[PDB]
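**Student:** For chain R, the structure is supplied; the task is to place chain X on it using the hints.
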Amino acid sequence: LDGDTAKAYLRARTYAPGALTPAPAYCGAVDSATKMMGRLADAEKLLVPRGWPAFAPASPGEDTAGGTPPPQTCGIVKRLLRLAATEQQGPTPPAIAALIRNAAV
Amino acid sequence: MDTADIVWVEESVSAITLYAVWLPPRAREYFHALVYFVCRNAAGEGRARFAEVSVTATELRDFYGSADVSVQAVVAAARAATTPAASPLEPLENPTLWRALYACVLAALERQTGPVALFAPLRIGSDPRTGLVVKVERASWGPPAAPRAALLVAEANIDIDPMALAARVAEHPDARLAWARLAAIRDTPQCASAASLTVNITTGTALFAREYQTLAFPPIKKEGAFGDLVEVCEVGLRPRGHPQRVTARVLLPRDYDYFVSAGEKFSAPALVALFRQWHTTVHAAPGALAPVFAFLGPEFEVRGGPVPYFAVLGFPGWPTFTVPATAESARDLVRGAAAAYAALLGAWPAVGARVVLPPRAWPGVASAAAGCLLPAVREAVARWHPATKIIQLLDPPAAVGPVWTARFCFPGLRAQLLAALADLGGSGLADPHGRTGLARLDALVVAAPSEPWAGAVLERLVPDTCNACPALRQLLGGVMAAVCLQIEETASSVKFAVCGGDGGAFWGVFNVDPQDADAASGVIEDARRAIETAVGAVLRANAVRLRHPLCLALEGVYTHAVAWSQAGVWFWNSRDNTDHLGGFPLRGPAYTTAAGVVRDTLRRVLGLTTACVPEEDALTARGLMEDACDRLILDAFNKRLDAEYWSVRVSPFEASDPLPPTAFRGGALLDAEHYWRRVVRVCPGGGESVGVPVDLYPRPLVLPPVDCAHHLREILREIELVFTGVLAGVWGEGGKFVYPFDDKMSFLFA
Numbered sequence: 425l426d427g428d429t430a431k432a433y434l435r436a437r438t439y440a441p442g443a444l445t446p447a448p449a450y451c452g453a454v455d456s457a458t459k460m461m462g463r464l465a466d467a468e469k470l471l472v473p474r475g476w477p478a479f480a481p482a483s484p485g486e487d488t489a490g491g492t493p494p495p496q497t498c499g500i501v502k503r504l505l506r507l508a509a510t511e512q513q514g515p516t517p518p519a520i521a522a523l524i525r526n527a528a529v
Numbered sequence: 001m002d003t004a005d006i007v008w009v010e011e012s013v014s015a016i017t018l019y020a021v022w023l024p025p026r027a028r029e030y031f032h033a034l035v036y037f038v039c040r041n042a043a044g045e046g047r048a049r050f051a052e053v054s055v056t057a058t059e060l061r062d063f064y065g066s067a068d069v070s071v072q073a074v075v076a077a078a079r080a081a082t083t084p085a086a087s088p089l090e091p092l093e094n095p096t097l098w099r100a101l102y103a104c105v106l107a108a109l110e111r112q113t114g115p116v117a118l119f120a121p122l123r124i125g126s127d128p129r130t131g132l133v134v135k136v137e138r139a140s141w142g143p144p145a146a147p148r149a150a151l152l153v154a155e156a157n158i159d160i161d162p163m164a165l166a167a168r169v170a171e172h173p174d175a176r177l178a179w180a181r182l183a184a185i186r187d188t189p190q191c192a193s194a195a196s197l198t199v200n201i202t203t204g205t206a207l208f209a210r211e212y213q214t215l216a217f218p219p220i221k222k223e224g225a226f227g228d229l230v231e232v233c234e235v236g237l238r239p240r241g242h243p244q245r246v247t248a249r250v251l252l253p254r255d256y257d258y259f260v261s262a263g264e265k266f267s268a269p270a271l272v273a274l275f276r277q278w279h280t281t282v283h284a285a286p287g288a289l290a291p292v293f294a295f296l297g298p299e300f301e302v303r304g305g306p307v308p309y310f311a312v313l314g315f316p317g318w319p320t321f322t323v324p325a326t327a328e329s330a331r332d333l334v335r336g337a338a339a340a341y342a343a344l345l346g347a348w349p350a351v352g353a354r355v356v357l358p359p360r361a362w363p364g365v366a367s368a369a370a371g372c373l374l375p376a377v378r379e380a381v382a383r384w385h386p387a388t389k390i391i392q393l394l395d396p397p398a399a400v401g402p403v404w405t406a407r408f409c410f411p412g413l414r415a416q417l418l419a420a421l422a423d424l425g426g427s428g429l430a431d432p433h434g435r436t437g438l439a440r441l442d443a444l445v446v447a448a449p450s451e452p453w454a455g456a457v458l459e460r461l462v463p464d465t466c467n468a469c470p471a472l473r474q475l476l477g478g479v480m481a482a483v484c485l486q487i488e489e490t491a492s493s494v495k496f497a498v499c500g501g502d503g504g505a506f507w508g509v510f511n512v513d514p515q516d517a518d519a520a521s522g523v524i525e526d527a528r529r530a531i532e533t534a535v536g537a538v539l540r541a542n543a544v545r546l547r548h549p550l551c552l553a554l555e556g557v558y559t560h561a562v563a564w565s566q567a568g569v570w571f572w573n574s575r576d577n578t579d580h581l582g583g584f585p586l587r588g589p590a591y592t593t594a595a596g597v598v599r600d601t602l603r604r605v606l607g608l609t610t611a612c613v614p615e616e617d618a619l620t621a622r623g624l625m626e627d628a629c630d631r632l633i634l635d636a637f638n639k640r641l642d643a644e645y646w647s648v649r650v651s652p653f654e655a656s657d658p659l660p661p662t663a664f665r666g667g668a669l670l671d672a673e674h675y676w677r678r679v680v681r682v683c684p685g686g687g688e689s690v691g692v693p694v695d696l697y698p699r700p701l702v703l704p705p706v707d708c709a710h711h712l713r714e715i716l717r718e719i720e721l722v723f724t725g726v727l728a729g730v731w732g733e734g735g736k737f738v739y740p741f742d743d744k745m746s747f748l749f750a
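Residue numbers (the UniProt record's numbering), protein chains in the order written: chain R, 425 to 529; chain X, 1 to 750.
So that you can see chain X by itself, here it is in the shape it has in the complex:
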């Protein structure tokens, strides 16, 4: 605390990692954590610094989300994670525990030492008698060093008996196969020691190539030395949580800051085995501590996760970014990933929804935000129900045309509303240092309009936050209902009539001369301005303030609109042949063709309408729909042999056919099964029609004839669903559109 001996330096932090977690000599309510910073100077020179924080049980229970966690359950897990030779997959038992640990440690470090940000200039003040950093401040001394990447290519062949995988999958009927592989490796870690590995690390000024026939034996092919990538540093600290001096051995990257791995074939076990080998051969000489060996990802959960990532919580000390390949925007993807890592302190996406606020602090903020509001909006919030209808005054199939149809949207209104109400409820935050987390959210809201990565982060973050606290969902629903009420009230006086929408995005019909195009473009802008101003005023009414000013965007002007369901709608402009189709399922490559066929057929059918002809027009339309179905089925015959074209996507939340045993012999192909599963259907014999997981077998595939009749019937059901609605809406018919698949073209695939 004495400033007469603090040494102040001007540096920048590239990575913050968890090094050790221990229990002070006499404590049963709090523990201590030692964290490790990889710092750099203004010209590029790695340095290693250490910080020590204390975490109480209350913060741990808050970040966990429930009161069934203890200090012992954290200390024991952290101690067991220090030895990867026996337990290399400790977070696989309880990922939530390690997420809470990381989030709470990061919050405590941000609160005690000071405000810390990555890739930013900082004033670091340390105590030379202790060796730890005691203060972090934000200053300005020039342009920091530009982050550097290093390409990584790791391939491993871990041999696991398929019987174990089958047993684990039978234990959990909807378990992703990547998690099964990871659990099988966890049960018998020796499989990682006897695996064959190839490593290729390409930095800017060197190269590191290694080929291990067996990881426990010397390499059979070598290029470069370990001393060119990383430098081993031994630092002696004297923390206040220990009675004696403690030394620590760390790896310091040289001429790079993070690894970038292309995502065409990414295998977590390969990197896990490589890092375990590095940990074993580095931390072998006695006389030093051992860093925790923990990782996180979407394969550490039974049902997986939609966003692929690989978070390094401990050893070695620098992150690894997995980026999809074969995209010409790979540079932009890497830049966006790095920006998201820097902005959100590296906790996202590992922690999840705990980057903004702990899950046990949301109810108070929501209660305060709902309390302040306004009495009518409070009544609406108290009465909100998810399956409600307020203003969408159209119905099952109905058509409008020729009129002036317009679609409006509020880009990212849920995230802005959440960030606005969090600051309203911030007065109910018991901890005054939690606001910084909300501050992070605010930054994203500012960066959403111009940075697509911020938009994606918000789109994946807001639903998770709502899932964490249902009261937040109810509050957002109530405020959105009030916004929609104001939208309807204001639109009732600008020659507008809302026909559908939820409040964030909507569509309606104007009242102007259909023929005049020089007078239709002058009313739409006026209505846009009026709606924008009214929504802004109504939001300002309830003390709800927004950072980014509101900007209602017009998505297009059309002339005909057809609705066949609550989520499907087709807009068409009969002057430039543009159209927009919504509500059509797309679960495979065979549905895009159906969507295009539907769009073209609808264009032709609604173009015939301008002939002013009676019911005969409906018969002509039915003829064209049947012709379109015939042509679609005929063109689907030339792709009867393609297995990827007919495969459909299945999420872990839907029932699916059981996995054939041979699918457990894929090997390294089972690692890339985070979320989805592509299933095709074949006919082995007489009317069997079994299912096949396409992506679990090596190419090329040798399969029986594909069951094209089943998939074509599934597609034709959706085709008829929209054609029947269009027919019943445009002409007011009552006859369902049915295509005789069985009696016309079923012989082709028989």
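For reference, chain R alone in the conformation it holds in the complex:
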């Protein structure tokens, strides 16, 4: 990859330049798995009215079995990783800003 494509690939496929830089305090979102799901659901509810697809999960003890059994074991890390790697389409804040609740990430 040569030209502006190399710069675009390096910027879009690695951490932000200021992500691993010492700061006086932390500006992330940290919580247990259940509270992390709660915050994820709130952020997804905030993001849907603009185009973000709904998750539509399934849990044991429900009125519909359907497919994809697995309970809350790997469905939290996958959504977090997908949300973290989504870049910003211009000056607008990224999607993760709806969960960290800070328009500077």
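Treat the hints with care, since some could be wrong.
The calculated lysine-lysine pairs, modelled on DSS-like cross-linking and capped at a C-alpha distance of 25 Å, are [to be verified]: (1) R:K469 with R:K502; (2) R:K469 with R:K459; (3) X:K495 with X:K389; (4) R:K431 with X:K639; (5) R:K431 with X:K744; (6) X:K221 with X:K265.
Keep in mind that the hints were calculated from the coordinates and are not lab data.
**Tutor:** Here is chain X on its own, set in the frame of chain R:
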């Protein structure tokens, strides 16, 4: 009928509208209709006139197109349409019924009272004891008043529960969302009463601004009065279809003739609610009739329509033209729309194909036209089949070059042929007053070469007429086959060899010296003249006469031509680097770039051909094609975040992904979905790749990464489709061109 008391006046008619439809005291085979004319004098002064016509059931069944309509089904609908407080969307139940009503009323008015045209000088003769107009004549008294416009901006916020929209869309799986919104409003009309509205009407000499928090309450912001735009007029008539005197209250425009609304954001419910409010507050005092409240548009059908419009059949009385914005030719668009409105009496596009002839009269005209003809052409017409091949003697991928390739065209031959055969079959018209409709068609044929609006009208009208009557399609196909036979026979003697085409437009190869350019331009013109004369003579042979004389146009001269399919072909001129590509799908902004890449790559590949080198040339060409694909994919990476760039267009006739529920919460954004739907594809998680309707969400969009791999594979399929054909035709290869997308550049979008 007595001319000793008819008052004759010199005026001009700006708008003709339907006012009332009723049943005379004792009648079960015909009904009566009262129509309303907005007339103007030579200096500019609005007047209101009324006419009364009688329509029988036979004409109604003819204009409907089938024998399952009745007088009662029309009278009841018209009566129910007189009250917009309860039923404001009556035409939504059966648009065909109202189209037939309007067309039949217009035809009866044109036949009984006389020849009537809009924006033209007229002699109007009326009976002062009755109050209705009894005669219309065409005269000349000077230059009529110039039509005046008035800009309209209406914004409404109607609140409808998304559950109703979801239910209606689930009822009809391929229903456009604008129709769903209109049906939801129809089910519960009260939603229009509690909506918030903003109206801005800018005329030439005034301004009318209103802001309603709720339409049932007084405005919260006011500017101007209702008495500056329109004037309320009460006129007492004594029609022969009623036993007593009948009064009518109408609105008369002042210093304008029609509304012009820019089309960046057009919402039919907003205008419907505004006009319903006007109807409610105007026709409230007892002691007058109530005009019908009917409208038509592409959102009144389940599957929509390609041409956007908004036809006013009744209240208030003047048309509204929706014009796209952001075009620097907006003035020309408005002028063309007004000219189309004036020329076709305002019925088009609302009526559809009934402007020319009723759908139940076409079979007789077609039968007579096919009967007259000539025996060989009659045999060809009787044997016509849509999937036939007669003269296109080339094949799947093949190349010609370096030769003298030429493309010829007949500009608008289908419309001219239709207008020619309609007059041939006119002897089979039972009604002698129907010819006037055909006359309208003739005018368009005369205006097509110089007026683009007439060309667009004909291009949208002829397919509809053919759809109305299949026999018309078969007759046109047979006559076109005869024309192509004559073209081939004549071209067989002018150093020409037809290589492809259908008869309206074709392309072929000449037999002259390739190097000499001063002798190649003298044979092409001779062949053009010979083909033109021969086609004219063969058309005159079967008594088929044409209004506009034939003019075969040469679209360009090339040197290399490559064909890879029955519809795709690439022409190139190796002396000035011009080319023409046809048959490449363009369903989004991402296909134009692919078309340009294909054009440049083909230019380079066919330019390397003049090196007179063996098969090594084919390997070099394959290398360049792979390089071009690589560069296209690399340049597509910088636009991975653009959602509009990758969105593809979908028509109501193709399968598509189901609508997500959130798309039903758009609100006013669902109104502009007449025909197309733009769908993009995203990846929410691990290999899901769901679809998203782009235009149904407010901006800016917050979406997961776009599924660029899927769209790029779809584009690369079409790229390989033309590259493989070019390779197999130019060099006679047998190896399909395949680009290893998965093993080379699939990691970029993973």
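**Student:** With a cut-off of 25 Å on the C-alpha distance, tell me whether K431 (chain R) and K639 (chain X) pass.
**Tutor:** This hinted pair holds, its Cα atoms lying about 14 Å apart.
**Student:** Holds or violated: are the alpha carbons of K221 (chain X) and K265 (chain X) at most 25 Å from each other?
**Tutor:** Answer holds: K221 (chain X) to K265 (chain X) is near 22 Å, not above 25 Å.
**Student:** Decide if the proposed pair is consistent with the structure: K495 (chain X) and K389 (chain X), CA atoms, cutoff 25 Å inclusive.
**Tutor:** Answer holds: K495 (chain X) to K389 (chain X) is near 23 Å, not above 25 Å.
**Student:** Is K431 (chain R) within 25 Å of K744 (chain X), Cα to Cα?
**Tutor:** 19 Å, holds
**Student:** Take a quick look at whether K469 (chain R) and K459 (chain R) sit within 25 Å of each other, Cα to Cα.
**Tutor:** 15 Å, holds
**Student:** With a cut-off of 25 Å on the C-alpha distance, tell me whether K469 (chain R) and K502 (chain R) pass.
**Tutor:** 18 Å, holds
The structure shown violates none of the earlier numbered hints.
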